Amino acid sequence: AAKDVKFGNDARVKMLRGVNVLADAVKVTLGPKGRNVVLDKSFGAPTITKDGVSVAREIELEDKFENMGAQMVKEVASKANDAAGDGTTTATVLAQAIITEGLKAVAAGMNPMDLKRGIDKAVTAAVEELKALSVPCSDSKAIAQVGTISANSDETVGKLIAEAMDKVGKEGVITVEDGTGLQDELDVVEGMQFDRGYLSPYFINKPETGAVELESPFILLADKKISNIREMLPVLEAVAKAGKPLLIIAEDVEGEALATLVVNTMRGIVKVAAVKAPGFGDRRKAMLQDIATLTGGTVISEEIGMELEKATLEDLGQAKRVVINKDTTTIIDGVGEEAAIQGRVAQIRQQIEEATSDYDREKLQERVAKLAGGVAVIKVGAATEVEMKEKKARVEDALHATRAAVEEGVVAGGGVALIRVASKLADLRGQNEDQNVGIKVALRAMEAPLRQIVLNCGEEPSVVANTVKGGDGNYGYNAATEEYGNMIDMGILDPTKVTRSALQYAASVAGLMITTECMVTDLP
Amino acid sequence: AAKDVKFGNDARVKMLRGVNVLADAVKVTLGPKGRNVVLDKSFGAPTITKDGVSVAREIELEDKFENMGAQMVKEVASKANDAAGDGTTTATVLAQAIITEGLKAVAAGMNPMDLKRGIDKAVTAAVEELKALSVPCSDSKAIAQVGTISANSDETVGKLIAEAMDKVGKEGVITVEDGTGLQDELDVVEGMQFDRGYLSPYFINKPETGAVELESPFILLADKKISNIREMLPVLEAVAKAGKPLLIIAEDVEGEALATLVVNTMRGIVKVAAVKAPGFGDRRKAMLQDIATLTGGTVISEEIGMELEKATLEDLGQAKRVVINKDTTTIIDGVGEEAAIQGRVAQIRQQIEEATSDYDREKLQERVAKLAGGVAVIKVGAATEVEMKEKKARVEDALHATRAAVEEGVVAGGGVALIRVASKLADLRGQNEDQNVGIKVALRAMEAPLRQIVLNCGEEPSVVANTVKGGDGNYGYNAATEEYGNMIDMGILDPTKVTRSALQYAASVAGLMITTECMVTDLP
Amino acid sequence: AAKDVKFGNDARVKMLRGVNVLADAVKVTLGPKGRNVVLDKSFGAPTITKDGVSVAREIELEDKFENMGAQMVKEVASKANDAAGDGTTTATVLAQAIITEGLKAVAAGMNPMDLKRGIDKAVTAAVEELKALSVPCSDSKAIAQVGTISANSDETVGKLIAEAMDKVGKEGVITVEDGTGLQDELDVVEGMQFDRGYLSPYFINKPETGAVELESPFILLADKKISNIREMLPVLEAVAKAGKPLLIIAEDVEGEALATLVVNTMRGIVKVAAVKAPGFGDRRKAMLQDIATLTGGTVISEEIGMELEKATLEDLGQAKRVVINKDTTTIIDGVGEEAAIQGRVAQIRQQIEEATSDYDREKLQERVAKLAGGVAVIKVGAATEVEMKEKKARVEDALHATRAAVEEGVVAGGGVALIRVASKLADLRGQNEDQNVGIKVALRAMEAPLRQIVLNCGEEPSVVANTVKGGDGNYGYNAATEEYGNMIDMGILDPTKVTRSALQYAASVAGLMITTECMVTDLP
Ligand SMILES: Nc1ncnc2c1ncn2[C@@H]1O[C@H](COP(=O)(O)OP(=O)(O)O)[C@@H](O)[C@H]1O
Ligand SMILES: Nc1ncnc2c1ncn2[C@@H]1O[C@H](COP(=O)(O)OP(=O)(O)O)[C@@H](O)[C@H]1O
Ligand SMILES: Nc1ncnc2c1ncn2[C@@H]1O[C@H](COP(=O)(O)OP(=O)(O)O)[C@@H](O)[C@H]1O
Ligand code: BEF
Ligand code: BEF
Ligand SMILES: [K+]
Ligand SMILES: [K+]
Ligand SMILES: [K+]
Ligand SMILES: [Mg+2]
Ligand SMILES: [Mg+2]
Ligand SMILES: [Mg+2]
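If you read the sequences in order, they're chains A, G and B. Okay, so the first sequence: first residue is 2 according to the deposited numbering, each after it adds one. Okay, so the second sequence: first residue is 2 according to the deposited numbering, each after it adds one. Okay, so the third sequence: first residue is 2 according to the deposited numbering, each after it adds one.
A couple of the hints might just be wrong.
No copy is singled out in the list; a pair is fine if it fits within one copy or between any two copies.
[Stated by the list, open to error] Okay, derived cross-link-like pairs now, SDA-like style, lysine to any residue, Cα gap no bigger than 20 Å in a straight line:
| hint | residue 1 | residue 2 |
| --- | --- | --- |
| 1 | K311 | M267 |
| 2 | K34 | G256 |
| 3 | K425 | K441 |
| 4 | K390 | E164 |
| 5 | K225 | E257 |
| 6 | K4 | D64 |
| 7 | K80 | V464 |
| 8 | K327 | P462 |
| 9 | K80 | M389 |
| 10 | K321 | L183 |
| 11 | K225 | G344 |
| 12 | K441 | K470 |
| 13 | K393 | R350 |
| 14 | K380 | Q343 |
| 15 | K390 | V510 |
| 16 | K207 | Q348 |
| 17 | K142 | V407 |
| 18 | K171 | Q348 |
| 19 | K393 | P47 |
| 20 | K364 | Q348 |
| 21 | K393 | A46 |
| 22 | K277 | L372 |
| 23 | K245 | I270 |
Honestly, the hints are just simulated from the structure, not real lab data.
Turn these sequences into a full structure, and let the hints steer you where they fit.
Here is the structure:
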């Protein structure tokens, strides 16, 4: 359709106005004393949230040039959430500071591209300084402190996440889901579990719990559809001679074979339980192979050249206990030589490194947890649904931050680390005066998060900023207690990865937004 | 689409205006002297109701920020109705009081998060005090008093509900349905009944009542579809040799077998009645197994491995008397050893505890009632349809309240228990002054229900509040007769669960609404 | 529908206004100190771009006569992008200059058609002078300089492109795609690779990398669907006697033959791998023949009169190594007499010259690269997506300019070559005074690019134009460092083809736009 074209300063002031609208909505939620934003949903009740990316993803403006400004600055929060899972409000604050100072410098007659180059140079040096400034975060106390800070100063969340990470291991996974009570609870599963139950309730030998319990059984992994009992006769007779239970994990069992099995189980001839093979497609094949490796058996498949009639006891795995419920099957203490498990998890790590989508990566990580580590689930308790959503979002933030802090280390929080870095980079210069101005723009914008944190508390940002800049080390300001001290000693920790990611994404988007001259959009 | 964004006090005043609209509509119906609200329905005549959640679910406003406020406060009443079945007007009153005082405290420069923490601490202590303050409610007189109070001071409803609870027992169920006369009537069913009638009117041997009566029958429980009589000759021959009637509960009976049975019945050879198996799917299997357990028989099914031709007299259950009508079949005084019945009902209560949806839980409760207790039905009598609906809603409120009062106990009603609790918590303090202000906010808000009850009567709420606060024990105000006295002696009882749930949900939602700073919604 | 008709000067002023809107939007991005334009997209975030054709393709206006002017001048940028891949902003600037001067001359009472003839004569002479003025660009240093200049003064892009062209060769191809990191990387493939992997994971003999590696195998090129192994035995028996592996490239393999192959490979009988034939249809046939030519084998097809059962060792090709992954197949150091390779690539060049669409030509070039040269891929690294898109467009511009500079040579850049040409053509005259005025119009318009480049830097265009015109040789003005000097030694190079194309297309469209007298469009 027809277009509207704006040139120079008109375009820049419209763009800055849109940036300011979105940033002012987002920034009221930063720090221990930030507040909540109520978001109207077309289908349902409003959501009350303190998360930056959630607020940013809803903002759209009536004016089209201001809407372009807002849509451009939204990508910083989106990208920070995608990369680190936390630190989106800080990224937005930094982006707005850089855009404001850069537009001020441009209006004074500077070349925008040289300013952009200076900003890039300053941010590169800053990232190197941050990497030099970090310390490892390995003990459980520091992990508790990180989880507490990221969950808006909630000690119970930090303690629960530290316990979960200690119990599940370095190779395990932790998930968050809705609870049923009013208190948070942690349930950890050891061994392998897949969401497949028995195919016939008559298999139950322990009606007290409604569960099928087998001690030291055989596992027959059938990679095929079984409908006719004629195929299973040899293995069933062999196991009956053996005198110990059997478990069938197959693609499916039809009416005739299932009927024969249930008739035989209740007569006392054989103890047989049958469940479905988990997954659909290639992943189903992979997880059958994984169970074979864990249990020390061989998968019976037509695509390799073996028939189920010719199966012997050597193709059957073994375990110590098998417990089957209506929904989940667990295999406990299965026999398998370790080298096979380490080799399999090694291969899975290589296709982990060669994975693009996050869904595939998380499925592979869940497989590694099943084979080697554990799986923990945290249930969130709340009285209502809005409270449940808000608490669940906080818990997910804490979990992401603990992961990042483990994988890269921690720096002093509260905006102090960026101030220390900018103090260290005070003697950096570029090629021309515009580049030096851009370096100064970046270094000045590096103090915005602390100033906004102090504003949200109702204090004076510049007095606190001067007092913190006058100190050295981990000296900082505690906004929860309104006192100065050691950031590390009072437990205000930030992961290095979150700070670095926020700085990088903010600089990347703002440097481009500084260099605009014309804006082309549709008509009202 | 494009959005509208409001910051700070403007957002808070719009939100409070919406809260006030909804709360002022709901609160006029509180107490013995509350009034009715007329709700327009697009399809039909208007509904005249005195229930809080029914009024709350109807309100929607033109302005979008006020609509956000109303939509958020509606969840308190929704959740209270879902949890306790009663006490939603009290929850709405408490939520409005907390929101009003909290916004007043926020406008004075307090930190909303510390106020929220103080409110949480106060409510936790209050719930503990309420638990300490209750007394058991086990006799029939107290249950009658609770049912009377919850039905808007209607003696007959309380007496009827107490009689039903006495006749049916602890393990039975009671339902409410529309009547045909002008008087309430109670019909209680003893034994097991399912809604399946005879498959052929020719089976009727007693045309005076149009009913099929069999004495000491056999019950053949066939878990299969019978169409050819050839499968079934042996059991008919054996029963004919036995000389006493037979009952066939099967999936269905086709024309040929039904014709053979009906021909045989009218010649005096065998007394046979045929009915359909209740339910559809797995629940039908469970019901057939329940009848087998009650009657001491064996279900004939192909999936476990017996054929109906090989059935003997041991697979047939026994009873004392069977009466079949056009719609219902009843089995009275079945012959079966008790231990099977207790085992089955225990099993069922274990999968009751592991049930998520209320529909599944109430189906299992129906099954337990059929196996062990009884089923009662209360028909409501009224001249018109609007009166019928209003009375039926009152009766449902009364029945829910009696259940809650049995399961947790009673406290003194009229808003007196909350006043006693707030008097007890007068020395509670937090960590900083903001939290102390929040504690005071919660304690002040606990007096709102009594004040609104007195205001609905046309009296002075503050004079009555002062007089009641000056007393001790169960001293309170009777708003029906405008007299002070002992709450327990005059029979104004409230379940503990209703009070506790109202307090918890109101606090949970209001604490979050206090901490708002920005609102984002669509443009007009 | 109904039309609007405008005559003469009214039409011309509306047309010039539209031309000016489009040109003024496009021209802000010209030179080393041009800026970016933000383009709104209906689906997605805005795009920030510095490319002339991208900006031009977006402009549409409200007035229909101005819209006709804009839509007419848009074809210059479109055609320059189609022809050379670069120089669209320069073409637009030249077109606007010619149109403005020509309309001024027409308003003075000149014949438009003689002006058009004079403009054509001047442009023909200018193209001849440009061809005489060039020097070859063959060394890698000049290639790096061209790539650097065309990428907006980015040294790394030029160095990477020079390395890629050095490693791949004259007959190879280079492609640009999105990266994953923050740094640019170059990956070059030697030999032939096609993008189908193995047909069964059981073929993998090296689980460490998940790759199938075969040493000196045979290649059986079957242009047939293999489903029954009966057709296939003799060649497997022959190669089992031979004792060295085999590779099957076929249209596809069904379950039976694949099962036989996999069950044989794992038993140590024969080492067999099966992959799909690349392409769909005739191109599949052509690249199958190409693999036959490279590996020294014969394609087994029914359309020529041979059957796969009668195949012998002569029909099987040979190689040195074969590496198959999940996605790509790699054939390294295949045995084949060179004369066949040169014959095949020469033939492919003959149908290259006889190709119309660009898609067919680029597919042909890919096949030439696979048979003779190499294939390189450049991944672009950036922190966000807008930055990635902007950098990727810059890299593509650089790659196109480097190709053009290879194929035609370089001239002095910065607008200096056009000034030298126009200085040389100062004595050119036509047939009548109108044609002389047209020649002068073209010569004056030839100085517009330098003036706009100097204007975008904040300097005075006329002072710099006079100073550069007063010089000789490659003497020019460096707008990056604001210094005068020699273009060649400071490395500001432009391809001859880009300059010539811009001049030709701009003159072609502007000359026709000059001769307008009436405009007919729809009604508002
Ligand atoms: N008690 C405290 N004193 C000072 N700074 C704090 C305190 N608690 C948290 N912070 C800082 O506030 C920031 C938390 O902001 P947050 O709302 O989590 O936004 P983001 O999405 O950027 O993480 C962190 O950078 C943290 O260092
Ligand atoms: N005679 C009475 N005197 C004082 N209070 C009463 C009397 N009867 C009922 N109430 C109180 O009125 C409240 C009932 O209000 P109601 O309209 O049922 O609202 P809700 O939905 O909260 O139950 C109860 O808290 C009860 O204690
Ligand atoms: N440092 C420089 N000094 C002077 N002229 C330059 C310099 N760098 C590039 N140029 C000139 O600027 C022009 C580049 O404009 P550009 O934005 O690439 O538009 P186009 O799409 O027409 O190539 C080229 O003609 C080049 O000769
Ligand atoms: F309004 Be409540 F349900 F008594
Ligand atoms: F804008 Be052109 F493609 F350099
Ligand atoms: K936040
Ligand atoms: K009410
Ligand atoms: K350009
Ligand atoms: Mg955070
Ligand atoms: Mg009630
Ligand atoms: Mg270019």
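Structure-based check of all given hints:
1. In the homo-oligomer, the alpha carbons of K311 and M267 lie at most 20 Å apart only across protomers (18 Å), although the nearest pairing inside one protomer, at 27 Å, exceeds that limit.
2. For a Cα distance limit of 20 Å, the shortest separation of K34 from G256 qualifies neither inside one copy, at 63 Å, nor across copies, at 65 Å.
3. In this assembly of identical chains, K425 and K441 lie within 20 Å of each other by CA distance solely inside one copy; the values are 13 Å within and 49 Å between copies.
4. Proximity of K390 and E164 under a CA criterion of 20 Å is satisfied in neither setting, with 23 Å inside one chain copy and 44 Å between copies.
5. Within a single copy, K225 and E257 get their C-alpha atoms as close as 15 Å, and across copies as close as 16 Å, so both meet the 20 Å cut-off.
6. Proximity of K4 to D64 under the C-alpha cut-off of 20 Å is found in both arrangements, the shortest distances being 14 Å within a copy and 11 Å between copies.
7. Taking CA atoms no more than 20 Å apart as the test, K80 paired with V464 passes in neither setting, with 33 Å inside one copy and 47 Å between copies.
8. Neither within a single protomer nor between protomers do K327 and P462 lie at most 20 Å apart by alpha-carbon distance, with minima of 59 Å and 57 Å respectively.
9. With identical chains, the CA atoms of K80 and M389 are at most 20 Å apart between copies only, with a shortest distance of 13 Å across copies and 26 Å within one.
10. Taking identical chains as interchangeable, the C-alpha atoms of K321 and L183 are never at most 20 Å apart, the minima being 37 Å within one chain and 50 Å between chains.
11. In this homomeric assembly, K225 and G344 never come within 20 Å of each other (Cα to Cα): the closest approach is 26 Å inside a single copy and 39 Å across copies.
12. Taking the shortest alpha-carbon separations for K441 and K470, only the intra-copy value of 16 Å comes in at or below 20 Å, while the best inter-copy value is 40 Å.
13. When the C-alpha separation of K393 and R350 is checked against a cutoff of 20 Å, the pair qualifies neither within a copy, at 30 Å, nor between copies, at 32 Å.
14. Within a single copy, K380 and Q343 get their C-alpha atoms no closer than 31 Å, and across copies no closer than 34 Å, so neither meets the 20 Å cut-off.
15. With identical chains, the CA atoms of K390 and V510 are at most 20 Å apart between copies only, with a shortest distance of 12 Å across copies and 31 Å within one.
16. Taking the closest pair of Cα atoms, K207 and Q348 come within 20 Å of each other only across two copies (11 Å); inside a single copy the shortest separation is 40 Å, beyond that limit.
17. Taking the shortest Cα distances, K142 and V407 sit within 20 Å of each other inside one copy (12 Å), while across copies they are farther apart (47 Å).
18. Within a single copy, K171 and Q348 get their C-alpha atoms as close as 17 Å, which meets the 20 Å cut-off; across copies the closest is 40 Å, which misses it.
19. Proximity of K393 and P47 under a CA criterion of 20 Å is satisfied intra-copy only: 16 Å inside one chain copy versus 33 Å between copies.
20. In this assembly of identical chains, the alpha carbons of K364 and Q348 lie at most 20 Å apart only when taken from the same copy (14 Å versus 37 Å across copies).
21. When the C-alpha separation of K393 and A46 is checked against a cutoff of 20 Å, the pair qualifies only within one copy, where the shortest distance is 17 Å, while the shortest distance between copies is 30 Å.
22. When the C-alpha separation of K277 and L372 is checked against a cutoff of 20 Å, the pair qualifies only within one copy, where the shortest distance is 19 Å, while the shortest distance between copies is 34 Å.
23. For a Cα distance limit of 20 Å, the shortest separation of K245 from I270 inside one copy, 10 Å, qualifies, whereas the shortest one across copies, 39 Å, does not.
The structure fails to meet hints 2, 4, 7, 8, 10, 11, 13, 14 from the earlier list, while all remaining hints are met.
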